[PDB]
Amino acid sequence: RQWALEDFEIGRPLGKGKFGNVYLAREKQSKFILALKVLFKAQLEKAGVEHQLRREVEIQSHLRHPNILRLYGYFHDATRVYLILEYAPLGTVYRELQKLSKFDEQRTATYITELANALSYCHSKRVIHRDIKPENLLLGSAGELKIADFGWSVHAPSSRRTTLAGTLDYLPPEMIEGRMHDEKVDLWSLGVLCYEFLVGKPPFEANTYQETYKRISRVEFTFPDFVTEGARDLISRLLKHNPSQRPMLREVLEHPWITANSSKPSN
């Protein structure tokens, strides 16, 4: 009655992770195509992030949204932990960005709309993703954006958080400055992401992380000349140093620049 490793044929690696690989998978009976996320228990327990894996599995499995990747189930075998994820045929936005160097305003606004919708749903359930980045954004069979990797996420209806969570180039100032943080970290990373979609590079990118920490804390960056006034306005609002001064996701979805370039409506 329970999941077993024998239930799946393992295909090519879909991507490498911090504690194991994600493989293309086939349920032997129904021939249903899936993604199998494999995590070694030794690496998880050594780094002491088992509690975070609990959060990833429990939170993602109970979420239901067209723009959020589905986690159908999980199982383990005293050596590895296996996550059964929804298959995203067109790969990452990261690979797409690398392929295209940069997105135009139509594509960028479309991705932001889909992402803001999914995040708005997350925050309504008091969930914070805390790891928004192109590598963690997948594309469906019709090119729809879907959030993935809830490996840094947390259910916080009560507490404000203290965990240094996320990825270097996308880390909010409050985390860097050793402050507490809330759901407003997703809107900072949304601003960092919108910049990278248009420019092709993170706004605080540097050779060292110490310099990156400095630039993030100062919110020290510039736009290339071709970035439109509407795009500059949206990004600047999302990249406020003061977390409470950052807009709401409802305000992002109703942003003039967003509604004039997006190919998809709001929730």
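Take the two forms, find the largest set of C-alpha atoms that superpose within 1.5 Å, and that set is the rigid core. Numbering follows the first chain given and starts at 1. Compared with the form deposited in another entry:
Of the listed residues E27, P202, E177, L69, only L69 lies at a hinge between rigid parts moving between these two forms; the rest are more than 12 positions from any hinge. Here the chain moves as two rigid blocks between these two forms; the smaller block's rotation against the larger, from C-alpha superpositions, is 14°.
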Contents of the next structure:
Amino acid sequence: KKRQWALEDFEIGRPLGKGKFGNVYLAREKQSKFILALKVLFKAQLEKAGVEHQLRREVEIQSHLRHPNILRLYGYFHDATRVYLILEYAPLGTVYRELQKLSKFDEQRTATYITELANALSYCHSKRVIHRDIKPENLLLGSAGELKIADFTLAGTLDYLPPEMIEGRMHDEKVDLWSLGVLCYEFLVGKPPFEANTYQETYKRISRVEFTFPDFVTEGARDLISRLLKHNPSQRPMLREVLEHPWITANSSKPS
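Having seen the form deposited in one PDB entry, could you give me the form deposited in another entry?
Lone chain follows.
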């Protein structure tokens, strides 16, 4: 709709967070009074890490994604020193913080998150976007507690990576299915399945898919996670098979 955006279009409120390359602020568009988030990135720190190339790709991808479980990028503008991203505001914060607060999630909250993530990822895959880096700190929560995926030679965070990535083999969209498995386990248990005191041990556990469940994890949850965490990418479910998994349908909430 809107020809172009400027800082003067927004009232600014409190800092919502400090990112790597600047800060995120609460904001409000003046004509509509709609509440948003404004992410300010300092160009200098972007050069100083050569992230710029990715930002370009992020902005262009996230620009064309329209999904209830993916954080909207409404628009952007820049000045001499800063890039500004106009984002959907997620008032309930990151899943990372909620998990720190609660230690672990019940089956209903987990199954809901997993449904929302699988729907988001299915849409992405249909647009030939692979996320490859979903972890709790990149998941935000909307006003009804709905999950929003935030972020679109550093491969990732070891605990969340599949065997094919850590072992330097080729990979494709099936990596996101592995991630879903790790996330489901972490949500229920409070830590990811291959967590260890050394990265050497984590590496080995992933490569051999060696993990176990605490005794409170139910048969249904175990069945889903064990399908997701297959060494062979080919043998991992399709996202549509996650959405219809019996544990998912028994436990997930339907969008508000």
